[PDB]
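I would like the entire structure built from these sequences, with the hints used as guidance.
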Amino acid sequence: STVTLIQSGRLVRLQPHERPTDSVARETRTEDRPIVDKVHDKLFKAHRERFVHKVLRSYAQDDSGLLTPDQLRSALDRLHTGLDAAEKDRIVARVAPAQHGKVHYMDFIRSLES
Amino acid sequence: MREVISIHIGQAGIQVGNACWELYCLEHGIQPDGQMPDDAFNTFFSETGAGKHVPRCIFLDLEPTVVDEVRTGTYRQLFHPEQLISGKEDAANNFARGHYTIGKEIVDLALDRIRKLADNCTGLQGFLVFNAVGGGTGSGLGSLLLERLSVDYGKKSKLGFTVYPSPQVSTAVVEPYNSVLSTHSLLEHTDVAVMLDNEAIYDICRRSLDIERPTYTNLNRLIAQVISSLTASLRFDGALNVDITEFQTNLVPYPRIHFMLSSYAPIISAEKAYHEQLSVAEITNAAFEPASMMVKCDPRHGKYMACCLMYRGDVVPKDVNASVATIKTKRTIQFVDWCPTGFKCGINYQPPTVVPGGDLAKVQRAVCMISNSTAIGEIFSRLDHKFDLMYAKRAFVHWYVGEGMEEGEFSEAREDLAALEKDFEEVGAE
Amino acid sequence: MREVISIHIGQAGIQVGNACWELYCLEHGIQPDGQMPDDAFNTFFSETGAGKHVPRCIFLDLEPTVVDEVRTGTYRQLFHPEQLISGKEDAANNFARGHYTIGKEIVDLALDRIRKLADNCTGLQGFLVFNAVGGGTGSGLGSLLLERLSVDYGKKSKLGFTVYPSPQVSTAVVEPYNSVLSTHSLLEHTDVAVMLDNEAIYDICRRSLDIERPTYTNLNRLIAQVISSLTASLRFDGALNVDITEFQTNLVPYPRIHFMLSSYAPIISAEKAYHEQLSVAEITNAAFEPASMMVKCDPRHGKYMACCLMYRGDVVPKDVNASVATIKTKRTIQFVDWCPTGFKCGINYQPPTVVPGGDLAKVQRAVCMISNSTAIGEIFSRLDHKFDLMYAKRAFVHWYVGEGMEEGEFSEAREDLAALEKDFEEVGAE
Amino acid sequence: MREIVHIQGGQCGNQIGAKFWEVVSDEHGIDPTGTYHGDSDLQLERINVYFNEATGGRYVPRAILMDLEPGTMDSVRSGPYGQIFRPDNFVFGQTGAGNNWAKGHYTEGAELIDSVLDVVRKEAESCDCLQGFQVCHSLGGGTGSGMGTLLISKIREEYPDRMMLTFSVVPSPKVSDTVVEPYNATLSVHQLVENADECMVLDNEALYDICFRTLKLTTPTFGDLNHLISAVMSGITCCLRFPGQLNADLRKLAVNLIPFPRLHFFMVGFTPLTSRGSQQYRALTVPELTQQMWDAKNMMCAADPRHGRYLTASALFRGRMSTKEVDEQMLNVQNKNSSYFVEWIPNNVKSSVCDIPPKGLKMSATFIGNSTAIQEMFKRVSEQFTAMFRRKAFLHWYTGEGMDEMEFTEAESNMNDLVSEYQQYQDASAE
Amino acid sequence: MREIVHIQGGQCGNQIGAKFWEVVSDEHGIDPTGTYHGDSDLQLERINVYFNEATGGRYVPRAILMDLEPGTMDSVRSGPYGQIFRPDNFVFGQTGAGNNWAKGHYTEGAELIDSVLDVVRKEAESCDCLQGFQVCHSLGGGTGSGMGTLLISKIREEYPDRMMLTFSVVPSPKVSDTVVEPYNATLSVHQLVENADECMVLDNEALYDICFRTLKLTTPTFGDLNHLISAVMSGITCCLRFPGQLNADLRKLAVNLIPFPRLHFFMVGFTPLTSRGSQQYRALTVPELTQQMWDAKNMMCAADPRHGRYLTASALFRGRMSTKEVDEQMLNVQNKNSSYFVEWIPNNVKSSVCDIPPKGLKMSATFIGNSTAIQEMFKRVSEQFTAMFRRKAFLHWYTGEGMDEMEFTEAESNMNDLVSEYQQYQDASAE
Ligand SMILES: Nc1nc2c(ncn2[C@@H]2O[C@H](COP(=O)(O)OP(=O)(O)OP(=O)(O)O)[C@@H](O)[C@H]2O)c(=O)[nH]1
Ligand SMILES: Nc1nc2c(ncn2[C@@H]2O[C@H](COP(=O)(O)OP(=O)(O)OP(=O)(O)O)[C@@H](O)[C@H]2O)c(=O)[nH]1
Ligand SMILES: Nc1nc2c(ncn2[C@@H]2O[C@H](COP(=O)(O)OP(=O)(O)O)[C@@H](O)[C@H]2O)c(=O)[nH]1
Ligand SMILES: Nc1nc2c(ncn2[C@@H]2O[C@H](COP(=O)(O)OP(=O)(O)O)[C@@H](O)[C@H]2O)c(=O)[nH]1
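Chains as they are written, first to last, in the authors' numbering: chain 0M, 39 to 152; chain Cd, 1 to 37, 46 to 438; chain Bd, 1 to 37, 46 to 438; chain Be, 1 to 431; chain Ce, 1 to 431.
Mimicking DSSO-like on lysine-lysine, the simulated pairs with C-alpha atoms at most 30 Å apart in a straight line are:
1) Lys280 (chain Cd) / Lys92 (chain 0M)
2) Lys163 (chain Bd) / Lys352 (chain Bd)
3) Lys96 (chain Bd) / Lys122 (chain Be)
4) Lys112 (chain Bd) / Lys280 (chain Cd)
5) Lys96 (chain Cd) / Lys359 (chain Ce)
6) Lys60 (chain Cd) / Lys76 (chain 0M)
7) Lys326 (chain Cd) / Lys311 (chain Cd)
8) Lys154 (chain Be) / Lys336 (chain Ce)
9) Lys216 (chain Ce) / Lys174 (chain Ce)
Pair ranges (Cβ atoms, derived):
10) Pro32 (chain Ce) / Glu56 (chain 0M): 22 to 32 Å
11) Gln35 (chain Cd) / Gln83 (chain Be): 50 to 60 Å
12) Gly131 (chain Bd) / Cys347 (chain Cd): 32 to 42 Å
13) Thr340 (chain Cd) / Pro80 (chain Be): 52 to 62 Å
14) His393 (chain Cd) / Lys379 (chain Ce): 29 to 39 Å
15) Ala278 (chain Bd) / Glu421 (chain Be): 50 to 60 Å
16) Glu254 (chain Bd) / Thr340 (chain Cd): 34 to 44 Å
Simulated from the structure, these hints should not be mistaken for lab results.
Positions of the beta carbon are idealized from the N, C-alpha and C atoms, including for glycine.
What follows is the structure in structure tokens.
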């Protein structure tokens with residue numbers, strides 16, 4: 039399961055062992071860049087922002103936006119991002135809860151917006 | 001046994017090939033690593057002794073970036089590294105550059121790899137060439153490869169799923185130029201050419217999928233669904249099987265007239281799904297809707313000559329016959345006087361697989377209508393004046409001349425397109 | 001198999017349709033989701057392969073709010089999304105706006121969906137058009153759609169359950185204007201027009217239901233119960249079945265005279281229920297009481313021409329005959345000289361189902377008396393003065409003129425309601 | 001999905017519009033940063049009527065602020081709800097109009113009107129469907145009245161079919177602020193009669209009288225009057241934004257209210273306006289709200305209805321009520337006061353009901369009455385305009401801004417013709 | 001793997017090149033010591049386009065610095081990113097050209113041109129595949145204009161097929177820096193027409209206007225102007241360096257922009273340029289970007305596009321955006337301003353999309369317009385050249401360097417013929 043990295047126009051094809059695998063889904067690394075691109079396209083390019091906000095608020099019973107990571111995974115599944123379980127876990131781990139699942143939908147949307 | 005060799009030329013060809021091969025991997029259960037956890049994959053994949061499946065495809069481009077994105081993405085372990093062929097200098101939207109100077113060695117290597125791929129196929133239904141009419145790489149190198157394939161392979165059926173410039177909206181300036189040149193080239197090489205327009209597919213996405221910001225990935229997903237519906241009869245059994253050889257013999261009334269409108273149905277998002285019946289008659293009507301055409305060309309202006317319907321999923325001959333009878337009795341749809349039947353129905357028991365992360369919903373039935381109709385002369389009429397409006401001033405002509413063309417090539421291409429217009433008028437008229 | 005297509009136009013039409021469809025779902029056991037845990049629903053619902061029953065109804069309105077209330081309400085998965093048709097701009101209580109400028113595209117789409125719905129019905133007993141005479145959407149768009157249906161569908165029986173303005177109490181100012189216009193329209197299109205007045209139903213709720221604060225929900229529930237009593241013979245079997253086609257021939261003496269009083273019995277709350285016998289004779293006398301009329305029109309001023317009785321529940325034919333014989337021997341009830349029979353009795357074995365949360369009690373017997381009587385010309389006489397009083401000063405005339413209407417149309421409408429006055433006088437006369 | 005383009009003009013108009021947007025944001029649960037915090041689906045259901053969704057979750061009002069001096073909208077931006085508005089919607093000049101209608105309509109409004117119409121067109125084209133425009137401003141002022149009339153004329157030319165609603169603060173009868181108020185009002189009424197489809201007439205002194213007699217306030221600043229006007233402006237259109245048992249849009253109100261097009265001036269009132277002291281002592285009943293609604297003091301207009309005759313009157317209720325109760329109450333009012341109601345109109349009541357009352361109030365009701373009483377207000381404005389115009393006092397500035405002296409005669413003649421309409425339809429007999 | 005050889009000429013060219021290389025090093029995560037510190041593989045994807053790898057992780061620019069005086073590149077080396085450049089690529093004379101094109105092209109340029117071509121050839125031979133050369137310099141200066149044109153001619157002779165891209169700082173219209181600016185510009189334009197395949201015209205006064213009106217800076221040094229120029233030069237080649245949804249190289253842009261070989265002069269603009277105050281207030285949307293692109297103030301050339309007609313216009317967008325939105329926006333722009341677009345070209349817009357926006361920006365776009373408005377720029381420079389040449393003012397400085405008088409006449413004739421080309425295709429009607 040090697041990863042091909044193009045450095046100065048040539049294919050390095052680095053081994054998976056060398057990669058740290060931060061398990062954060064950072065768009066800087068080209069390994070997770072297509073995942074972040076897919077999430078961004080599905081959330082913003084394909085889905086209307088009002089629909090996304092409504093979906094995220096629906097899980098927020100407190101109406102303060104505070105959503106658990108499991109609720110974020112359920113929201114992504116409802117939004118049909120198409121990611122696998124591990125990819126969804128990484129996209130959720132992109133944000134970090136404040137006290138106990140205190141990440142809110144506006145923070146998550148800011149994380150995946152640009 | 002029923003192998004089909006896929007060629008993807010240019011940025012558009014490669015970008016629709018990404019969607020096509022994602023769709024095929026999902027349909028056959030092939031993981032992106034290459035191997036899957046019978047023999048329905050043989051049409052698109054060849055299995056090795058280790059159990060790994062490698063597709064029978066060839067990614068051809070004179071620009072390194074598009075192919076290198078494939079080399080870097082998730083399908084880096086799937087495709088053959090040498091099958092991905094990359095140039096050094098792009099054709100720069102110049103048909104001359106892609107057909108006369110840069111394209112020579114690239115197409116030579118392309119023939120080499122295509123020959124290797126064909127040597128691995130017991131049977132060969134034909135070639136599926138996906139390129140972009142309107143760009144130097146797609147037009148020039150695609151035309152050169154098509155000419156070489158016609159020279160050597162001979163009677164193998166080459167189905168060209170070309171993307172033509174939209175009527176008003178466009179992204180290139182010399183697009184009419186290289187479009188007319190490539191059209192002159194492929195009028196005499198490809199067996200069945202399928203027209204596709206970005207404006208039309210944008211309209212389809214905006215109205216049916218409710219996407220206010222459609223993108224190339226969405227367009228390519230729709231195109232991949234169309235091609236998968238086309239090839240489903242090769243890979244999965246069903247009543248009224250259709251073959252690659254059978255598409256021509258039921259669709260191409262005359263050798264010159266082989267350009268095809270395509271329409272898929274239903275195109276519904278996940279949200280709006282399961283809210284209507286989506287029965288066979290309704291989806292056939294949706295397929296025959298002019299708004300569902302993947303080409304910005306109103307069929308009401310012209311007359312249908314042939315219509316091949318590919319049904320997928322829970323479809324029964326009773327239903328297909330009733331739907332086709334209703335379509336015939338419909339007064340809006342007008343057929344030519346010399347083709348009383350004009351219909352080729354083919355059913356398949358495999359419902360279209362849904363790409364996770366895509367906008368299409370899981371529908372139990374689908375119709376892919378590929379129609380030969382004289383209305384398609386309208387798009388040629390549009391390009392014929394878009395080209396000559398610049399060619400009257402000989403704008404950008406020096407660019408094409410610099411890479412080894414002449415005014416004669418432009419003149420001959422434009423004359424051939426006018427002759428094609430005349431042929432369409434003649435066949436449409438009684 | 002004996003399908004009736006339901007149409008609901010305007011705020012009042014859609015809001016009485018809410019109660020009507022709640023009642024039909026409760027009567028046939030159809031859950032709000034769409035499916036129920046023989047073939048008695050076919051008259052109002054069409055079952056799909058998945059088991060979901062979708063009502064054969066069409067919600068037409070130029071204002072989005074009322075239809076969006078349905079789209080978001082409990083009945084969001086029951087109704088068909090395209091069947092709910094929403095406009096962009098309200099008619100603004102302008103008949104010209106609802107009939108000449110805004111209503112055209114909406115009625116075209118309405119006929120499209122109506123054609124689709126009628127295709128799914130083997131037979132077709134008729135249409136049930138629920139609208140509000142006294143508002144532009146109800147008046148203008150309703151009249152336009154009725155013209156469309158009369159011309160194309162033709163001999164299908166259309167029952168228009170129209171609500172005219174009350175004598176004194178009203179909520180609109182141009183209500184006489186658009187009421188006169190829509191009556192001018194529907195005198196010639198509907199086959200049986202059922203008259204309703206909000207003041208009369210308010211009085212019914214005040215005295216019989218003891219509701220000191222009646223509201224539109226209560227009014228629409230009463231109307232829905234009346235219509236369910238009308239249609240009980242189509243869906244449930246019983247002695248003396250009466251058909252939609254039978255109503256006109258048993259009730260319409262002459263083509264223009266087809267406006268009908270409707271009266272339900274009993275109207276008793278639960279607390280007052282099971283405390284009186286509610287025998288057939290007593291409920292019949294209550295139905296013939298002047299106060300039980302759902303139109304502010306005293307039957308005593310006129311003479312009954314025909315009376316059609318719909319009995320629901322444990323009703324025996326000798327009891328209906330004895331009650332109706334006592335009615336005939338009653339001195340207060342007066343028939344015309346030329347209709348000695350004047351009675352159309354029809355019984356059904358299904359007692360009226362009660363909507364939970366409503367005020368109506370579970371009564372084992374029910375009567376809906378729909379009577380053609382010459383008295384009803386009095387309400388038209390009221391509107392004929394309400395109209396000309398404003399028309400003398402031509403108040404609010406410019407509003408109607410702006411959307412493509414003329415002085416001639418106002419004059420002709422007034423002429424036609426005067427003609428209707430003379431027609432009622434002449435049917436009353438010897 | 002039927003949008004309204006709000007415009008604020010002059011200092012008074014800008015302050016009132018800022019208060020109105022504060023009230024609307026409170027109703028829809030929008031914090032001053034634009035994020036939704038209302039905890040109600042109905043609030044976001046029709047938020048597009050007044051707001052547009054920004055790049056994030058922020059909602060930007062569809063409001064356009066006009067001025068010739070920057071100080072007023074500087075104060076507006078520094079106010080509690082100044083940051084919701086888009087900065088591109090703040091159009092200002094540099095020299096304020098010296099209470100000169102001629103300066104605000106001809107000299108200094110001419111250059112800024114191009115930018116104003118550009119912003120208005122940008123806001124209108126974004127709307128899927130446009131109900132119309134609402135202009136909040138004050139008669140009797142230079143930049144306010146001048147730019148309001150000019151922009152109303154321009155928008156009438158551009159969108160003849162779209163609804164035009166105006167909230168004009170007519171100069172007060174008894175205590176006047178500036179000297180040239182009768183001049184400005186006379187010039188503005190001529191334009192408002194011809195262009196604006198629907199107009200509300202408001203008075204600072206009428207608002208003061210209602211706030212001392214009903215609200216019993218002690219030190220009512222201009223903010224309280226602006227709050228009352230904002231409540232009326234919300235209640236007039238709450239049917240568009242919230243589901244109603246018997247809804248009625250702006251065009252429906254206009255059709256049912258305006259008997260003849262030139263008689264489109266209306267007096268408004270809001271109920272229940274109750275003092276802080278009598279909150280518990282009053283009981284919220286529909287008959288109570290109707291009794292307060294038909295009181296002469298409840299009108300926000302100086303003209304008392306008793307002298308004139310009600311041509312028409314609409315009442316938009318908000319809250320869970322019985323339509324039977326409302327209809328019976330208003331029919332009883334008409335029967336009781338039939339002398340004050342026009343005879344040749346059988347029903348002078350346009351009753352509408354919305355299912356969502358304003359926050360804090362269980363139910364409310366806004367009243368819009370077209371009565372011949374406003375004849376006396378126009379008569380008083382004429383009695384001031386003629387007094388100054390007979391000597392041409394203060395007239396040389398207007399003459400020097402490039403408007404002809406015959407225009408004053410035109411305006412006074414048109415306003416007096418409107419007075420004649422009101423009087424003759426007051427004394428008109430049936431048959 | 002399509003390498004670009006950068007060349008800086010003269011004081012202005014060297015300063016612009018230093019700014020551009022610092023910008024590119026920032027964008028590719030290259031610290032002033034040459035090591036990569038970006039933590040993003042996208043930065044190292046196509047770093048070979050501009051840099052070569054050293055023994056360690058160091059990356060050296062493929063840049064060649066030119067001057068006849070050493071002080072300017074002493075300042076360049078003293079700058080923050082002066083140590084990245086290979087010291088062998090600094091080519092200096094000892095006596096600078098006294099704003100004399102003749103000195104920089106014939107007398108003092110002749111000795112240094114051999115070393116310049118040696119360095120250029122050494123840098124070009126190391127390239128795997130060579131897209132071409134980009135030369136940043138200023139018209140109206142001795143060493144810059146003269147040496148740059150001489151080097152461009154030599155490189156054209158050596159590598160005909162390879163692209164030549166030029167960023168020329170044409171003398172500003174309203175304020176002239178040096179007296180001999182018309183002479184140098186007239187002599188350099190003649191060389192650039194014949195040799196340069198692609199040319200971008202920049203004016204310092206236009207840059208001042210854009211940085212004072214859009215960025216709203218009150219004291220902009222030359223660093224800000226070089227910053228804007230560097231942003232344009234980065235954005236023109238970002239498609240070569242990053243993956244794009246619809247990628248387009250320099251040759252593709254030249255093919256889609258140049259209808260006829262002599263009409264290769266372009267005006268450029270970069271969006272979004274936002275003032276610090278309105279950064280939060282501005283909305284990053286494709287329509288907003290297009291609106292800012294097509295504004296005449298956004299052009300970095302003095303000539304405004306309104307006077308001329310757009311022969312062609314390329315738009316290289318950056319960011320994760322809808323190709324549908326992009327194409328629809330520019331089609332709408334064409335339809336709205338069809339009067340400003342040439343009729344005999346059905347589509348005057350070349351859309352390119354790159355998936356990687358500039359650092360910090362969600363979206364961006366560079367605009368390259370081939371329009372006949374540049375005709376007035378050339379006309380003004382010729383108006384100055386003729387006035388000075390009629391009386392031979394300062395002509396002896398050029399004559400004593402071994403340049404014939406007839407060369408000035410030939411250059412002016414060529415430049416007037418180019419003006420004639422632009423005017424003739426501006427007023428050229430289809431059919
Ligand atoms: N439908 C569709 N069309 C595309 C897509 N990508 C590119 N195109 C079209 O393809 C055309 C250009 O393709 P190419 O010729 O391959 O571009 P290239 O790879 O840079 O090669 P050259 O343009 O010849 O230099 C454009 O005009 C687009 O209209 C896509 O994803 N979907
Ligand atoms: N019985 C009954 N009548 C109603 C109800 N709702 C409205 N009405 C009557 O219907 C009349 C107006 O109906 P519509 O034309 O549908 O009103 P709308 O939907 O706003 O359409 P326009 O008035 O034409 O703009 C009013 O005068 C009411 O008397 C209701 O719920 N029950
Ligand atoms: N209700 C209310 N009225 C005001 C306010 N400020 C001023 N006014 C009144 O509005 C009238 C007209 O002033 P205005 O037109 O705004 O002056 P202009 O802006 O210079 O044209 C004055 O007579 C004031 O009495 C306010 O904040 N609220
Ligand atoms: N944008 C920019 N322009 C400059 C800079 N320095 C000089 N210029 C302009 O370049 C023009 C020509 O000067 P230049 O070519 O550098 O003189 P030379 O080096 O002796 O040839 C002058 O008119 C200056 O206005 C700079 O740092 N940035």
